[PDB]
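*Asks:* Read off the chains here:
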Amino acid sequence: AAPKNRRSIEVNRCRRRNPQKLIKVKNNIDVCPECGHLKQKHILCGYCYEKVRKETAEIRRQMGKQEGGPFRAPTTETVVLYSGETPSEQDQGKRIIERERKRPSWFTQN
Amino acid sequence: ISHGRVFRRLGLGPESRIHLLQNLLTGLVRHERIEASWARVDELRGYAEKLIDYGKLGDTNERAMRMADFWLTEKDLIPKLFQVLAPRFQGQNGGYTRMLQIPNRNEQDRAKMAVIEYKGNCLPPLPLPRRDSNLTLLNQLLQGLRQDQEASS
Amino acid sequence: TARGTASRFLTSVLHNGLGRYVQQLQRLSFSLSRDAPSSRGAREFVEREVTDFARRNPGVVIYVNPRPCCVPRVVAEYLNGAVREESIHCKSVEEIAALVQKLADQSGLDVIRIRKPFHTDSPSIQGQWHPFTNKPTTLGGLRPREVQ
Amino acid sequence: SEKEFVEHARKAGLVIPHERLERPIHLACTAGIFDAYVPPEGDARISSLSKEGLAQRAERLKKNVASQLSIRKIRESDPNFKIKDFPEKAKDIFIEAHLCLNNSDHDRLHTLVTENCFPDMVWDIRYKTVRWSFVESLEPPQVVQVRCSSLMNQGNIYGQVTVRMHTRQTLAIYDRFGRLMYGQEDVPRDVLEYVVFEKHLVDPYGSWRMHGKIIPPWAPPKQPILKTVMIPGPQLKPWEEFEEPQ
Amino acid sequence: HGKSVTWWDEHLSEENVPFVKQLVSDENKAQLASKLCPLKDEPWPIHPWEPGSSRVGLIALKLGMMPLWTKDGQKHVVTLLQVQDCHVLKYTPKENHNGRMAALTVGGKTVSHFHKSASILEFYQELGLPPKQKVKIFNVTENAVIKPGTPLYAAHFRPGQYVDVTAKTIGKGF
Amino acid sequence: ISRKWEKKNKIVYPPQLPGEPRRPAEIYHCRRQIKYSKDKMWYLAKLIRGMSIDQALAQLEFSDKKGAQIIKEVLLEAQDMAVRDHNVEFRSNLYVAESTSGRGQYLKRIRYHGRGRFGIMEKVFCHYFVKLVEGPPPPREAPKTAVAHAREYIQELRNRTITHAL
Amino acid sequence: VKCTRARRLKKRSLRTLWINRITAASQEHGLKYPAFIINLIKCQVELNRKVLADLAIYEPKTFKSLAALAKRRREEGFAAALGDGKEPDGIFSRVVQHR
Amino acid sequence: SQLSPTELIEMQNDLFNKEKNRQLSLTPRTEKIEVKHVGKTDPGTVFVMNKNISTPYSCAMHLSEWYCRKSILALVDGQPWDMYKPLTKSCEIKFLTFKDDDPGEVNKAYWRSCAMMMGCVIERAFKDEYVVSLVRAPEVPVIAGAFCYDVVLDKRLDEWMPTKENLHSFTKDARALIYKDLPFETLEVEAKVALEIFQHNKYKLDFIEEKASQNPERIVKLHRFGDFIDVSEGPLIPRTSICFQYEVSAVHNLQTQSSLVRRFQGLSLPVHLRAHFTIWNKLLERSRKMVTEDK
Amino acid sequence: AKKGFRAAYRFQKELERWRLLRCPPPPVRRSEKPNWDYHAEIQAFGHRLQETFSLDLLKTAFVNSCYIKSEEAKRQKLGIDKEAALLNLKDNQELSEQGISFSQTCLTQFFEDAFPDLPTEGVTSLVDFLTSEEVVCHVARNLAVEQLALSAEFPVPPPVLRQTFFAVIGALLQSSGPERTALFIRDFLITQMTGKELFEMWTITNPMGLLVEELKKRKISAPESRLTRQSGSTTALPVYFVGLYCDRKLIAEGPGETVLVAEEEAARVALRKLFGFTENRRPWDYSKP
Ligand SMILES: [Mg+2]
Ligand SMILES: [Mg+2]
Ligand SMILES: [Mg+2]
Ligand SMILES: [Mg+2]
Ligand SMILES: [Mg+2]
Ligand SMILES: [Mg+2]
Ligand SMILES: [Zn+2]
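Protein chains in written order, with the entry's author numbering: chain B5, 79 to 188; chain BR, 9 to 161; chain Bg, 2 to 149; chain Bi, 52 to 297; chain BE, 42 to 215; chain BW, 45 to 210; chain BU, 51 to 149; chain Bc, 30 to 324; chain Bh, 31 to 319.
These are calculated hints, taken from the structure and not from any lab test.
The C-beta atom is built at its ideal place from N, Cα and C for all residues, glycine as well.
Please note that the accuracy of each hint is not assured.
What the hints assert, rightly or not - Just a few of them, taken from the derived set where beta-carbon distance is under 7 Å, the chain BW residues facing chain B5:
| no. | residue |
| --- | --- |
| 1 | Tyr57 |
| 2 | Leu91 |
| 3 | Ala102 |
| 4 | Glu105 |
| 5 | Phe106 |
So that you can see chain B5 by itself, here it is in the shape it has in the complex:
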């Protein structure tokens, strides 16, 4: 069906300025206590998650370079250690990745 008449600017404004079509303000925005960047209450912080994802990417690159094949999945536990660190009595018998970077503050020794 074709429109019978041209819709006027008053009707157009009444339609596309209605509160249903307007953008709602978000009231769940807070500052991340660690880095001070903005984040939502129910969502992980973007800055911190980017840090963790990047560090995980570097660790995965190291542990994939340690393996010469695509199907060489380790059958034992795995431990990541940084420069100036040695495996403990509990970390023996596992596979070890060594990183030249210092241990990050957020990465707990456990």
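Assemble chains BR, Bg, Bi, BE, BW, BU, Bc and Bh with the ligands onto chain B5, guided by the hints.
*Replies:* For chains BR, Bg, Bi, BE, BW, BU, Bc and Bh with the ligands alone, coordinates are given in the frame of chain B5:
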């Protein structure tokens, strides 16, 4: 009318949904932590828990071995499943996976994303949402109320 | 159109004509040309009867400016500060005289829609109508269904 | 169906267009003050007494062989030049240039100061209001040294005269919104500077133009600004950890 | 003043959440146990039955459906309605409600304090009972009024009787 | 084309005499020829109208629109210019007084339909104008109260005159 | 076109308004509009509806006096009609010719 | 001494303004100080602030509006520092919020602020004919259920105790005081001027003497919001509007050998830590009880 | 390109109109406007009011102190000598004060002659209103005193306008007779009372107190307030008629939205009736005696 439906429709059908879920499960078992769409990760969480249960069921069990063989597309992860993941989940019951919503993707689709992760892995910890300390005003008031309750008890 | 234009109530400037009548035309400035054919009527007016008008109306200052202008104009400035600019372009001496006399007679107020043909202050001699102006009073001021 | 946009403003100059100019650039000044004056460490305690400052300044001006040959070269290149009345002319040029910058008279400012002095005094002041006044001059300006540079590539000689000036102004720099920014208008602060003038002796006209302004490294810091300033730390990417300097 | 959204678990600690939960549970248990004796504290006067009298009702929970057999051999199907926690909340006079019958407000199963509004929580705090999920109004006669806070049980009805059952049907959407 | 939002930032006021209240700083900025659509950008412009710059940035960071990043960049550039060029301390003491989106120059292409027919596809471009004013944001207007409504009704009742009467 | 037509209709509208106001005032004085008008005419009082409405709004005592005069003239007319006598003439029923 | 309470408040405000003007005029020039920011969020920031004019709230304004909204207290390199106190020398600043790892100092500052607000409402909510004299604000720990204020009433008021309606009217007045934004401004004055500013409340002058005894310089801190002036220990919250939930819990009379004192106990929670209705009611029931913490 | 000059000239006029509408220039003096001749303006100002002024007196009355100070500042800035003539500019201070005194006395005499029952406070209030800032400024502006007034700051602040107007009055008093000056005052200041009420310019605070004092002076005990008529009392917009009875005789009645307002209005009506400022009072006599 979709009352009492527990599985959401994904892919090109039920078989495509199963194949997507098994690809996600293989990635999760291999990397110990993956990120994807929120709905796909939510669907995959239950299958991950059940796979850990089947791994705990035993290596010599034929049913568990066949289920692992089907679900782990890469065949080098079945020894990993039966000798790494299940040994470290023994005293636990159902707290095998952790799922957290992360900010939407940067590209134009702006999909809602989640990250799923087997607990106790060899990766940097996620920025978990920590509760407030007892030293806060409200928590200290609640602590005082608890102390008076204990004293009167 | 009354709805399209402005409006005002009938009024007089500074209560003109109450104690005395003060002419509202303050100054009259003619701007004409000494050789333009369109200024011939203005030139004849200035030659003949600008002096008579000045003598008849001593309360208005009349200026005459022969300058190289194409259209002759008359500017009437009133006591209100109102300025009325008219064109005397190609008009007879009688037309110039009529226009000048009309400008002198006018009060200088805006020529717009007048809401009422009359205006008085305090028109309510011997009272103004209110719903109680023609109602009898009852004994004790009792309401219709009030029992004392 | 295939119309496109235009007018992409780009600036990319190469050595070929930078060297293919038929006619060369006819400069009116030089890049900087050759043989820059180094004022002596002790000036604050010598400006207090007139004789012990003026006598030593005259001795330093007269005993420098380089200054003597430079002033001889300037005099032989342009007659009717004297160092006795030069400080008065330098002071007049300084005052006139500052008044021109106050009044925003760009043509007369170009006539007074040179091409190395106009940008440093107009670039960051074009969008502000200045109220500069001259009130007093405790110590008359004194010529310190004279230097000459001859370039044989074009056969051109430039002579710069340095004049030490200790004098009092009243500076008030306003904002583009009409509010005070730097300081009050009635404060007569004392300033000591070294104004270096440059003249092209080979040029037939050769007006004396202010070229440079030398401030001693030990000069007291300028008056503090009225507003507060935030100095942000190094912006850190997620892959960078803050390092605390000690 | 851009106030942010909040909930009851936002500011609590890992050790105060169990404490708050158990405190609220104990308070609800005490409040429910306080009302188990409605006839000894101060019950309203009980009037004799009249031919034109109307009784109050209950708010139950539809559990499921079960087969049942009659001594003549027929098989019927019955629905289980479980009265979980049915209480009388407020009373409204006949002239102030309808002009023909009084209104008794009845509340059903208990819900959480942390997801109710301030006015509802205040009303239940004055009443002395934990918040209810469903609240309904019953038109009764003036001789069948019951004091608010009185509990109601499934023994309110007797085997062999006819009842009216009102509920929101299964919504099938558009 | 018209370029006056740039020139609105180059005016110089005369110095204020002592005793006059301090004039708030006004900073005009704009981005020209943005691929994003005019009405879609008007929605975000209306969203961030009248609030503090920090609150506007907070909303635009989590807005999912494509123009949210463009508006955020424009606001950050305006804040930086307000701090650096204009004498504005307290970089958080600015509020978005004006936020508008207009249309720029479009590109006309062919949209193929079928049966050999076609349509005029228009590649839309928009301009985003922002004006920031130094100072706390003005308070939002409250809905008219019952007392105010009754006062206006009574005033309109008392304003009555006997029309066509004298 | 509407401006010209409404210029023509403005006089009719204002006359209707004045007539309505005169009816209001007369009924407030216990008299009907046709009787009031015809008796005011019979008293050789040639006041138009605009002036009558102005008096009703702003001169209540004068309008009451006019209403009393109209009622008196009506009573004299009724008495003359009932009597059918030429020799009894009303005090306010006398006609004054041009002088 | 014939002096109306309004006249006394006006003269107290006049003397406070005179002291503040003297303090500002003590520094004729405008010196520049370099204040580092040692916060975990944005480290390495340096602020070029004005001496005795700029404030940690000005530093927060330079940083971000989030800092102004959240940061309740400041640590200037050695001690808590309220936001509306001008900085003295070059230093380093760390901002403290309610949800910090160690929010004890912020909790204390909020606690004294609430106590001082309660003292103000007690002073201004009684009859003018009756004598009301605030003694002090006891430093009861946050673990206690309510914050207390000590007051002394007229003798002919020794027989009656406040009821629910009076306490709820006090709460209404406190909420009205909250509604209008009244900043807390502090001043470091001497005992010689504290004596003359108060000059009427014997208990308050004894408190001032006790506070100045431990100070070698005889320097005391005077805090004021609106037209109310009082003496308290430590810093305070920057704005009144921070107090979201406020209630005057109870009044308890303690009779001693010399005279009796009314301990007014109240409860409050900020905007950033407002609790649920049931939790608030439980905390109020806790606060109704007696709390005794002096030393 | 359309050939022609008329369209270009007409659009230039349109552009000038738009510029004037967008940026209104600050008002400039009619003297600074081109067509001006001070002597002719002075003569016309004298003639149009039907009064025979003295030209020198008018020139000395239209000059203000601020104008003299500005001229002195201009002279000292230029660096020439102007003390020979500008020292004898004959500022209008004495003329203005004489005019103010005569106008106040004449208005007081007029008011005491017209309304004998008006008290001294009321007469002084009326005189102050008539010689006040706004009335005198409006009269001067509509009589073109502002254009002829020699002073800086062309807005001519209202004190300067009042000073110039009363200086003109004093010049007329010195030139013509006191009777003619009184006629001028009646024609150009009393007419400003047309359509105005008494309490509009008096602005008393306690009408009932003033009425009871006046009745005590007139040997009346006290007025009793009685609710004569009313229409609606539980509604949001009531009306009440309150009358005042002295010895059970009605003296005034007033309407109001509330009883207190109605009583105050009744007191004001009684005061107006006592003082003779009734709305149906005798209109001011404008005739030549
Ligand atoms: Mg799909
Ligand atoms: Mg459904
Ligand atoms: Mg085809
Ligand atoms: Mg189209
Ligand atoms: Mg089309
Ligand atoms: Mg006709
Ligand atoms: Zn973070």
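*Asks:* Next, verify each hint and record whether it holds.
*Replies:* Hint check results:
1. The interface hint given for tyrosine 57 (chain BW) is broken, as the beta carbon of that residue sits about 35 Å from the closest beta carbon of chain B5, more than 7 Å.
2. Using the Cβ-Cβ criterion of 7 Å, the hint placing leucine 91 (chain BW) at the interface with chain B5 is satisfied: the shortest such distance is roughly 4 Å.
3. Hint status for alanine 102 (chain BW): holds, given a least beta-carbon distance of 5 Å to chain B5, under 7 Å.
4. Among the interface hints, the one on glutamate 105 (chain BW) holds; its C-beta lies about 6 Å from the nearest C-beta in chain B5, closer than the 7 Å criterion.
5. Taking 7 Å as the C-beta contact cut-off toward chain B5, the hint placing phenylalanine 106 (chain BW) at the interface holds, the least distance being around 6 Å.
The structure is inconsistent with hint 1 alone, although it conforms to all the rest.
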